[PDB]
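Below you'll find only one chain, the form deposited in one PDB entry, shown as structure tokens.
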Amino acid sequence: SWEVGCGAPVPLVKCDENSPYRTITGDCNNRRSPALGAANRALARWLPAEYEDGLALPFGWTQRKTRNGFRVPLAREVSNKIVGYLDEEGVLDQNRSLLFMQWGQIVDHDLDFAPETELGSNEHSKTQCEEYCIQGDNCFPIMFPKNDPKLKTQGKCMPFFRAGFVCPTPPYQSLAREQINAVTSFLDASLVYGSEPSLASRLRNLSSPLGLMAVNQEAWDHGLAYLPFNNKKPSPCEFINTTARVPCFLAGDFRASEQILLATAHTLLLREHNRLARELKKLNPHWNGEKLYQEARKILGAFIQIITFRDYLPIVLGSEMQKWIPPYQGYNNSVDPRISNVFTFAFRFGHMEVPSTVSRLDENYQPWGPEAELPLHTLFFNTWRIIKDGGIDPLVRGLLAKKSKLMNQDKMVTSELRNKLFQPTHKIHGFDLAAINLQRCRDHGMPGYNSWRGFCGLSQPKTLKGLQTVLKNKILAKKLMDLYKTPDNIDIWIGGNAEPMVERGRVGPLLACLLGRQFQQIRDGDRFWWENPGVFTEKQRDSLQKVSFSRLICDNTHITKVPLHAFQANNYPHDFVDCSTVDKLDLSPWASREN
């Protein structure tokens, strides 16, 4: 018995049950519950929220309020003692390319975004948080521990603002606070096309009727398209180099320019849409723009689905894949396709896969110029290195030929993210993504590690020795007990990521369970899943079965040598074959028989 429809923010229910295409918002996918999976709704709760006061205050908020009898440790202290390391030697994943990391980020961005509240809308309250390190309302600063090096150079805290939540935004909502997912839960290329109508429209080229996405008019990549710039200010991408004055890209997702390899991946995706729109016009010149946009959008969405479920998930989940994501059996309208709050933390395992450097490689997969290799932190919000320093081709080559970082219980997150992160409006390369993650799962009222172990049918260690056995690591176990004092209090992000990885995968048991279930649900509860009877023709699906990340690159760059299995660790020229030996996507089956 509780409020059973607090859905005032955004009440669109404007459904056509005939339509053969997805809405932009995700609405109308589920017929019986048309808002399921739609953007701008609460994240699903797989377990009840756990706040210090039952309703909204994070654990950690009030000094003298314990969690199960013990103070929760500072996020930055956990970062410093557990998550950090010095030596990047030996940290690379000998069987995952850098594309493996990058595809994770892409998928993540398609599925979830819980942006900071906008209550620092015309308030020095946003600057006062930064300035004076003063907790209150949505300002929840990450305070430095006593012996932190950053205390000496950066003041008392790192700023942090609580995530947006449904119902009111300035006051509270009755029942526990529920954070918003601002993008569509469906794996639907929302990161290319947008999750809101206005953005979706702004991204389109409605000046010609070719059903194209807008492209950059100020720059081109050896005649290939770039994303439009976002001509609004202040621009983080301008801030990081005011000489170059190259703004951020405008994509279907706000976060597209956070790092140069994300921007790169967005760039491939846009080009594929345009290329598909132009093929379809040839095969159907009687098709108008809307029809061309929608049909291209639908192919791209399928492409992302296939890559993710056929190529990516099996080498994340490994032995657990088959357990959580059995072969498809059609749409089930009883499944909840909403992204869970916990999943938005579980999928941050990617953070331990980001290595300290990025390379540009030439057409011989050799170093491109004299600074071919660059530190990751110089590449946050960096578009000028694309526009003015070789286009995406050198970066796409590095994605193929360089390696992801390997999760390591002793080497968890690179200092390029731990210590050198840049965030818009904060001016310095001085933040800590690990700390942010821990603060965020308190912000989101996350149950602790054992609650999730319980949920997944796994043991719940209560002692040091129990923790040691589960983590198979005495020293890590001991550091966690010293900080958290009971495994019940371990933040899920760090707890999940601390578990040794499953056979053939890159996450442990708990994360495999949380991730696997989520991915099962977004497949099974999606009316427009690519393999659902009805969505594509049988001839179309035989065509779509052939897609590969290799063909995506071949079709949309000037690269001509590629691996067959782009997520594996590949070395040139041994594991690189010519683009010609690579299957294409035959759009023959999209010819209509109208005459």
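Rigid core here is just the name for the largest C-alpha set that superposes within 1.5 Å across the two forms. Positions refer to the first chain, counted from 1. Only residues modelled in both forms are compared. What changes on going to the form deposited in another entry:
Residue shifts between these two forms, rigid core superposed: of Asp137, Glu371, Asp410, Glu123, the only C-alpha displaced by 2 Å or more belongs to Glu123.
The two forms, fitted on the rigid core, differ between these two forms by 2 Å or more at the CA of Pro9. Residues present in both forms were compared between these two forms after fitting on the core; consecutive runs of three or more with every C-alpha moved by 2 angstroms or more are 1-4, 7-12, 120-123.
Now show me the form deposited in another entry; what you just gave was the form deposited in one PDB entry.
Next up is only this chain, free of partner chains and other molecules.
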């Protein structure tokens, strides 16, 4: 009965019908429907949005009004009373290297992004949010509770601006607000090449038709490449250190410089792209720039896919892996390949895997220099510590030698992220990723915790006793009940993350289900999934199956020693073997002697 289209974001979709490369927009993956999985469209709704007023406004927006008869606790309150902790000893994951946490972020940014909106940009109605803290249109501030310490030092609130939505940038009285996903839904490496043709292009090297991605000009890393600097000012990276004056990096995904280890991962990837273009050229001089750039991009996307589905999802979904991602039966166009709104919140389980420090290690994996270990918070949008303090080898060593933080019901998000988050357009290292996650759950009109348990076919606790049984925690349940008066009111981000982990996984039932389904739809609905018969040849596919995060490092850093399995906890020198011994990526199946 209802509509096919509404939406400001429908630019020309002219599909090149038998092309052998995905678009940069994600468009034309699906021929039955061109737009699916494309960048710049509304996130899919697995369940109808749930807003205070059924359309656009978030729960907690109007003070008088309730949710299921009760007030929604302030985001920062929930964060203070449930999310935080002070003791970092004993929080590290004994089976998960720090790369486990990082990859999850790399994959997350390849799949989905719902950036804040600006209509009062360049105008202090935006900093009117931080300063005066008045709720208004897209300014929806995170107000501090009564005993909050930050009240004494940071004002009445933490500024927060609502996510972009379809069809307009301001008014909404006719249909339920759907937020926008600005990147492509396919595990396609869009964080390396962009999701927009405009950016996709600015990143490439058009000077030499070698198929190289444009590298940094002002600095080099022991010869190896750095991403170009986003010559945008003012720059947040410059801001954390106006003496160092080192801008943020320019990448396919606008978030790359958020934290130093993410920027580190982007670098290995850009590096891998140029290493691929080179060996391909040596192997095919007849091949042109577009051909080199496209076949490399195709290879890198295949690499992100294999590592994710073969090395990363099994140990996140443990026992549930099979229940949700069974054998790849082949490409199926009838599958919705879009990212659901809830997944962007569910994937955040990663915020509880981030540890409070980052280490730089030397060739002997030992604290590198006097300040070897730094507090995570000093590294937000910190590019100077890479350029003027060691390169990425020390950080890559740390990612492998160190561990991820383990999710812990009593110790959920480190204060580096809960009290010390640095946000752009703000000057302070005083934000809260958890309070933010919760204000955003609401901003996106997310339905409560039980609707999602119901959705996944799980029990819906209606009492305190019911929750303790589900969370297998008496104390967490009491606090949650004391705050959300009903399990029905619990925000999905915190409810999903409070559940005990499934065996040989790292997220609980509700999350294994929500995550599991998305990644299945991600694989099954991609015409260009690397093992969809016809996108690569077996000689090619059989060469792909060899890839290891290990190899990526050996080929892109100066580091001799790497573990077999990069995601499990590994200790040097015992679990560390020789780069010379790890299987390499044999690109011969890509040699085309047809001139």
